[PDB]
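**Student:** Spelled out from the first residue to the last, the chains are:
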Amino acid sequence: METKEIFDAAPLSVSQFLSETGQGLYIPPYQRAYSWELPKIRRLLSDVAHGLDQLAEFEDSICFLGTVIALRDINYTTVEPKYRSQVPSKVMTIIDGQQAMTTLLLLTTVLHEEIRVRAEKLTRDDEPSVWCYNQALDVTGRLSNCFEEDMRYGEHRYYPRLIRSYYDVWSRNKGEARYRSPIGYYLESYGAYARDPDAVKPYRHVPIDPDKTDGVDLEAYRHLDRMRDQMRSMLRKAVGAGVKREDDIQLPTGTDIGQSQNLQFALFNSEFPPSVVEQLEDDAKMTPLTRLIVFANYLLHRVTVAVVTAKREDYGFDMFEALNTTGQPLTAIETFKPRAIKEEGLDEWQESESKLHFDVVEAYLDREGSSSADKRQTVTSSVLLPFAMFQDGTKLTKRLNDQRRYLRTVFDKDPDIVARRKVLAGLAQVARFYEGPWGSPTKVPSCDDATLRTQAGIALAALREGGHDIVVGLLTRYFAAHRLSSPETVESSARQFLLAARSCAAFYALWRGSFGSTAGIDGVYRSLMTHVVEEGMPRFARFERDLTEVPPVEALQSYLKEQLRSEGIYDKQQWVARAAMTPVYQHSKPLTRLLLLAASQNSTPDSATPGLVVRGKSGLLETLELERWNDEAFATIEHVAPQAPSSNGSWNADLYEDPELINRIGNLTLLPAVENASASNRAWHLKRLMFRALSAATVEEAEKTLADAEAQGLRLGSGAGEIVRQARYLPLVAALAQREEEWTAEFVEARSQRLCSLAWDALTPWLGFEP
Amino acid sequence: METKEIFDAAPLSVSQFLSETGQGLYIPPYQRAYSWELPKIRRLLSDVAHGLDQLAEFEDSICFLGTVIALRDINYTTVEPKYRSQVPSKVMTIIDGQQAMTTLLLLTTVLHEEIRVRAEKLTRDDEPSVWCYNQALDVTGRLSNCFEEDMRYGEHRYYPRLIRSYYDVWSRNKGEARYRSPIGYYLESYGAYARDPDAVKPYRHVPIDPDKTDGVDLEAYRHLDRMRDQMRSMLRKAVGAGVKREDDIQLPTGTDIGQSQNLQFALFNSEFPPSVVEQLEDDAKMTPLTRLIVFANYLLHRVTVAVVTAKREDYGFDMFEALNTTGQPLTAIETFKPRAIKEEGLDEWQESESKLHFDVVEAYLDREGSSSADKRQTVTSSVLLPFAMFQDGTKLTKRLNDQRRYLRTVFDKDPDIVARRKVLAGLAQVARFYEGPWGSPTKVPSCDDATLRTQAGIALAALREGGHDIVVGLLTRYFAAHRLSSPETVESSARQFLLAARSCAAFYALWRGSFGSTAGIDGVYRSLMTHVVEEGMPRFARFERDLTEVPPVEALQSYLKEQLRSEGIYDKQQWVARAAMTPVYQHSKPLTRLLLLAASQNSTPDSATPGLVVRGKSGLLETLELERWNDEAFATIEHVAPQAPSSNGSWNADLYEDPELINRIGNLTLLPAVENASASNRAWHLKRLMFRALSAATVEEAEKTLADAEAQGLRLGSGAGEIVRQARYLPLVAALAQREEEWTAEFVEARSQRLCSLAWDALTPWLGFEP
Amino acid sequence: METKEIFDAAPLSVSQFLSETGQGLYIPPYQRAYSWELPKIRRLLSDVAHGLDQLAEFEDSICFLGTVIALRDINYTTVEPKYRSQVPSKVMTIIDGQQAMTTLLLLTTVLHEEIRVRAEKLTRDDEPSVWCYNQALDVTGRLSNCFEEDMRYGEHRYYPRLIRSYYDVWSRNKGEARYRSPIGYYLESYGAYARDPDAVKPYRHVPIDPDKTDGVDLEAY
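Sequence lines, in order, name chains A, D and C.
Counting along the first sequence from 1, when you hit position 761 you're at 761 in the deposited numbering, and nothing is skipped either side.
Counting along the second sequence from 1, when you hit position 473 you're at 473 in the deposited numbering, and nothing is skipped either side.
Counting along the third sequence from 1, when you hit position 210 you're at 210 in the deposited numbering, and nothing is skipped either side.
Simulated from the structure, these hints should not be mistaken for laboratory data.
Heads up, a few of these hints could be off.
Unchecked claim - Derived EDC-like pairs (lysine to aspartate or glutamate); straight-line CA-CA distance at most 16 Å:
hint, chain 1, residue 1, chain 2, residue 2
1, A, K337, D, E80
2, A, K375, A, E362
3, D, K342, D, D412
4, D, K413, D, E343
5, A, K82, D, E348
6, A, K4, D, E59
7, A, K342, D, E348
8, C, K82, D, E271
9, A, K337, A, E362
Could you put together the complete structure from these sequences and hints?
**Tutor:** Right, dumping it as structure tokens:
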């Protein structure tokens with residue numbers, strides 16, 4: 001008695017864990033039911049998908065999957081409704097991980113379904129096609145004995161794994177056998193479906209309680225069933241179409257597989273026959289299935305869980321406790337500091353560039369982290385992905401090992417010094433960038449061009465609010481060059497940077513203006529940072545090379561435009577066509593602010609059409625100024641027609657057959673003061689008056705219309721907010737007080753058309769338009 | 001590649017982990033410095049001490065200590081400034097647990113220190129004495145080769161364990177060996193002290209940097225040095241004096257050890273010689289040693305750490321991550337539901353007494369827990385310690401295994417059912433007490449005596465604020481009988497209960513009033529729930545028995561009084577002597593509220609001495625009503641003489657010779673409206689005026705004195721808060737406005753004396769005083 | 001119960017085998033006496049010498065020594081006249097191999113003797129010579145904790161390894177400790193010589209029965 005067993009750990013692939021010939025995984029009777037909301041599931045699939053994708057590169061990288069701590073219940077004292085007659089020969093009552101475990105088994109069930117049915121759609125006379133048929137069969141069987149295990153006799157001849165006590169008893173005889181838990185039921189019913197002779201139809205599922213089983217919540221069954229089916233969908237959508245939405249689950253492609261030898265050996269113990277690397281090179285009708293098979297094999301043999309087996313139940317609990325108190329793993333920066341202490345040069349570094357740089361990074365991390373520990377890591381990620389754009393041009397992930405690995409890779413490229421401490425200077429400049437124009441954008445840099453300063457200042461403050469960190473690469477890349485240049489070429493830098501800022505705002509506004517989403521833009525900027533620019537002169541995002549240098553000022557503009565062609569559309573007609581019909585308030589409200597501010601650039605109320613607006617005053621009151629983003633003069637996105645009219649205060653239902661109408665530009669303006677809090681809103685008459693208040697060019701009409709609207713009750717809430725003697729010029733709201741008629745739907749169409757045309761006119765000079 | 005090592009875990013006693021003959025534990029160069037603040041150290045020691053204490057009971061209970069994950073650095077690739085000639089033959093660069101480890105080594109250092117020098121004070125001529133010296137010798141050496149290790153030649157012939165990289169190189173040669181980290185330095189110098197012949201003094205310690213080593217913080221050495229010396233002091237204060245403060249670290253006593261066969265077998269592989277159990281039974285100069293020796297021997301052989309070993313470093317980090325994802329260990333109530341599902345009677349329970357009870361308990365936990373997870377266990381403790389008082393009479397600890405154990409122990413005594421499901425009715429009733437009079441005390445029970453209701457209501461609302469949960473047993477015990485009674489004996493029950501509440505408030509009011517602390521009270525109430533009361537009629541806290549029955553109504557009072565004797569003092573004279581001189585505001589502020597509301601019970605401003613108060617109005621305005629605790633009429637504790645007077649606003653330093661003066665009754669009253677928030681305070685004149693304001697019995701003295709004090713400025717902060725036409729009677733503030741003279745210390749003593757006498761008068765009838 | 005331990009095998013070097021911080025190797029009482037006539041000893045030594053010679057060439061070649069099968073006597077049911085007060089904490093009654101083990105301990109004893117005494121003839125002032133003294137020192141001790149083990153108090157403070165039942169009781173106390181078997185007595189006496197200060201004379205050996213011990217044959221001795 002000292003280590004007298006107590007406990008017992010080993011690593012196992014999901015295949016060797018799940019498919020052990022005489023085993024049952026048993027959910028003991030104090031566990032909650034299945035929880036994991038889909039986000040955890042997606043992190044799950046995407047971790048294994050990343051492990052596999054990184055297996056092509058690193059031939060030994062093994063991906064982990066957590067721990068399961070379980071009781072090797074030897075005298076079956078924990079299987080609480082049991083038929084000892086024939087309980088399985090090794091039951092493992094699962095103390096923790098039982099959730100991950102449930103998820104896994106289901107994942108196998110979906111993988112089995114797909115690989116089977118896609119494998120039957122296979123033309124078995126192609127030589128490669130038959131290979132892919134054979135290989136599918138293989139994985140099919142190997143997923144088969146992964147979730148069920150063939151006891152040899154009886155009805156209910158097959159046992160699941162995972163079971164829950166109380167609902168579900170393992171047995172193979174004809175009475176007496178239940179599988180009524182969510183996971184128990186699911187595994188039974190899938191398993192029986194798989195054994196349908198004459199099957200090959202995809203899996204339906206007939207959820208339970210034909211008239212019974214309220215020993216669980218009925219809500220639990222709903223959840224588990226839904227989880228399984230949504231992984232089924234996730235995976236299905238991961239090899240199929242081309243919509244390729246940002247998350248999804250990226251597993252390597254037909255060409256990827258086809259050309260990675262190491263992936264081939266480590267998952268099929270052999271090199272592919274050449275006819276298959278050919279058929280794969282261009283997906284060719286069998287590659288979705290083959291991608292599903294590669295992913296399935298990786299899941300079997302290369303995702304490994306840590307299995308901790310105690311012999312007594314109480315030791316198991318004490319173990320659970322002892323492993324819940326296990327320290328605070330460190331950011332990839334911390335675990336990487338050594339590897340540059342150990343290049344400067346020996347250990348004698350304290351007045352040595354890298355220290356300074358690192359001190360910078362470290363300052364930022366302690367400043368903006370500190371508060372907790374995963375806040376510290378969320379900050380380290382914020383300074384690490386933009387850098388991965390910057391000093392290399394690759395999309396870094398939010399998983400620890402990746403930040404560790406990429407940082408190793410990049411630091412150990414230019415194996416010298418002066419080069420390596422430039423690599424560190426990158427990170428430093430990035431943290432300082434986040435301190436300058438992103439803390440309070442008003443610093444930007446210096447330079448004259450006093451319109452440029454507050455114009456790129458609006459660009460930044462709008463890029464910050466509402467995501468678009470994909471840009472923080474580029475801009476830091478440029479923000480670097482303003483501090484790295486022969487004291488003469490400060491002013492050149494200051495301009496390039498400022499223009500870049502402005503151009504990235506515009507392309508932001510356009511790209512999300514027309515489409516509904518950050519659709520490609522991240523990947524488009526990624527291509528921008530990799531693509532060859534002007535023969536061999538440079539590369540877009542400082543890539544080795546030399547920090548000060550590269551690219552120019554403007555190759556951004558032309559490339560971004562060249563892409564605004566393609567699947568972008570950039571003719572004001574085509575563009576305003578797309579953008580007039582996209583709910584901008586539904587997306588980012590800061591996008592809609594930028595767009596409204598760009599559509600009211602030195603603008604004036606239109607007379608020919610009452611309620612539109614037109615330009616032409618060169619410098620009336622130019623709004624694309626950072627002092628006017630924050631300008632809480634006019635700083636509220638007010639819908640003309642409200643989103644909520646639950647009993648219809650009146651209004652025109654023209655506007656609501658299509659619920660995206662209420663959310664286009666033509667339905668919004670920038671209203672000072674009140675939103676929906678102090679004094680605001682009503683139905684389109686009180687709204688007309690409210691706009692009519694804020695538009696008068698004399699107080700011998702401001703006081704007058706303040707009183708005009710107090711009859712119906714303009715002083716709503718008390719006695720009107722900051723509403724007595726308001727000056728202030730608001731061109732959109734003017735020609736909105738000038739429209740009587742009514743709030744027709746056609747009018748929002750023409751209005752959003754008008755505003756988009758104006759904003760496009762106002763901004764497209766920011767990419768310097770001629771394409 | 002499937003289990004290709006990846007990792008490799010085992011359990012080891014701290015002795016087998018630390019003192020393996022060729023091993024060196026290495027703190028790699030990215031670990032933080034030594035963190036562990038003293039709360040965590042105290043948890044560590046009490047964890048092991050609890051382990052020992054529970055080994056006496058259960059001869060097999062093995063105690064854990066967490067995990068250490070380390071890289072078995074095989075080619076010394078992580079020993080970052082090294083001399084391979086003689087790096088140790090196995091290094092274990094610790095990826096996680098290194099802080100746990102640092103503490104562990106320090107602990108061995110102190111246990112070795114104490115056992116060394118105390119064993120020298122042994123008269124070795126005495127048989128038991130020599131057994132003890134020998135036993136000391138054994139553990140001494142076995143701790144020694146625990147922290148350092150004998151390489152066999154050269155200066156620096158001895159190697160530490162734990163080392164930190166960069167600072168510290170293991171070697172044995174004469175230049176070249178450094179141990180300059182905090183721990184490196186500590187283990188070196190401590191061991192050097194241990195190897196001093198002609199020593200046997202206790203260890204002084206000379207912290208580092210005779211003029212150097214400023215690659216670290218200088219605070220690092222400070223924290224660690226201090227932490228060691230305080231584990232030293234902790235243990236010293238665990239076997240030495242008799243102060244026995246609430247925390248300390250409880251390890252078993254000479255007799256405890258002396259009589260537990262299992263403790264001796266399991267730590268000394270043999271039964272003690274009887275001459276030793278004899279000398280031990282009554283400490284006798286040698287028992288502190290043997291308690292320290294037994295503590296160290298349990299630490300050595302029965303604390304077991306989980307050791308996880310990777311061969312690659314990145315496998316180590318990925319493992320660490322995979323173990324930071326380790327579930328949410330469950331409340332002892334969850335893990336106990338099964339074992340009462342399986343006595344009711346079989347699995348057919350859904351309409352079967354116990355279900356009811358659990359539903360109660362579960363509901364309460366789900367209601368007020370919920371929000372988080374450690375809130376859920378905190379709430380499960382709040383219902384389990386008082387339950388442990390009710391159905392048994394024991395102090396449960398807040399630790400998981402103890403709750404599990406006690407729940408199993410208690411539930412399985414009377415092995416029947418109706419005995420057991422009564423045991424469960426216990427828990428349910430504790431939850432319901434938490435739902436009746438503790439959620440809002442205004443429920444109380446039914447009954448007439450409508451004065452009992454608000455009197456016991458202030459009792460409860462006063463016991464709740466300011467801790468004093470030790471009572472929750474008793475009262476629940478009673479609250480059950482009010483809900484379980486032959487429909488006639490409801491009003492009897494209802495009365496017992498209400499009076500019970502009052503009594504506990506009174507005893508509470510008294511006990512912390514006279515003492516400075518809840519010194520005995522916990523033990524006193526535990527004594528009551530165990531003490532035999534009236535032969536074999538019942539037992540004070542339902543102990544098996546039968547829920548409705550027991551105890552009486554009033555044995556509470558008699559026992560509480562009988563103990564108010566002993567080390568209590570209860571003669572009005574003696575009690576006011578103690579209580580006049582205990583700064584009650586320093587202790588629990590609800591204690592001062594209870595005392596002032598009892599001291600102003602229909603109280604009247606005293607004329608004979610300007611500023612005291614005297615009683616006698618039987619029903620003037622009686623304050624001991626739950627309606628008057630919340631009564632934010634008079635609900636602000638105002639010090640007459642302020643706690644803040646850093647430069648003396650003027651005031652009298654007579655009161656500040658003793659910092660406990662400012663916080664006695666005689667400097668406090670109950671003030672309405674403002675504390676120090678709206679309009680408040682100043683120097684003793686303005687304070688006089690403020691008291692004179694609220695005491696006006698006419699409006700033509702209310703307004704007149706409102707303006708009087710605005711001359712000096714009563715409207716402080718803006719213009720006097722809720723201060724215009726205030727009726728409201730506060731007898732204390734009048735005779736505080738009736739003292740001119742000055743605010744002397746002699747007067748504060750007299751005033752606190754008077755108030756204390758009065759409150760004692762008001763309350764001691766709540767225990768039905770005659771003793 | 002299918003592999004429920006039954007058995008348990010591993011390789012260990014003679015160092016990590018012999019010098020386990022808390023182990024005692026016990027010759028159970030049905031084993032014959034020490035037999036190995038000198039040719040078997042000579043093979044033992046030439047095997048270890050050959051393995052070492054073949055280590056220069058093949059940097060990985062590891063040399064074996066046969067097998068020991070032993071019972072991890074956990075409740076000390078086989079240590080036949082025992083003082084449980086202080087039996088070693090882990091005994092291993094050798095079921096097979098006890099003769100190879102007898103030889104091995106004897107081998108360490110003579111290697112310790114030679115390296116010790118030749119290292120004292122070292123002029124400790126010569127760089128290599130001091131390199132070589134230290135190195136002797138290292139090995140010397142690392143062979144000591146190989147054959148005996150320092151329980152930490154009493155007379156008969158040191159425990160052998162290997163012991164035979166009936167003859168020989170591990171204890172560290174002053175009555176009550178016997179070592180009278182051939183090997184028990186040898187390792188005891190050798191250990192004593194080793195720990196002699198002021199020695200560094202080669203080992204004589206003053207064999208048993210100052211008047212006693214015909215509980216074995218005297219020929220075995």
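**Student:** If a hint holds in the structure, say so; if it does not, say that too.
**Tutor:** Hints versus structure:
1. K337/A x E80/D: Between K337/A and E80/D the Cα gap is close to 13 Å, so the pair holds against 16 Å.
2. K375/A x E362/A: Since the Cα atoms of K375/A and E362/A sit roughly 14 Å apart, the hinted pair holds (cutoff 16 Å).
3. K342/D x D412/D: holds, 12 Å
4. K413/D x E343/D: holds, 13 Å
5. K82/A x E348/D: With Cα atoms ~15 Å apart, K82/A and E348/D stay inside 16 Å; holds.
6. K4/A x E59/D: It holds: about 14 Å lies between the C-alpha atoms, which stays within 16 Å.
7. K342/A x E348/D: violated, 68 Å
8. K82/C x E271/D: holds, 15 Å
9. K337/A x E362/A: It holds: about 10 Å lies between the C-alpha atoms, which stays within 16 Å.
Checked against the numbered hints given earlier, this structure breaks only hint 7.
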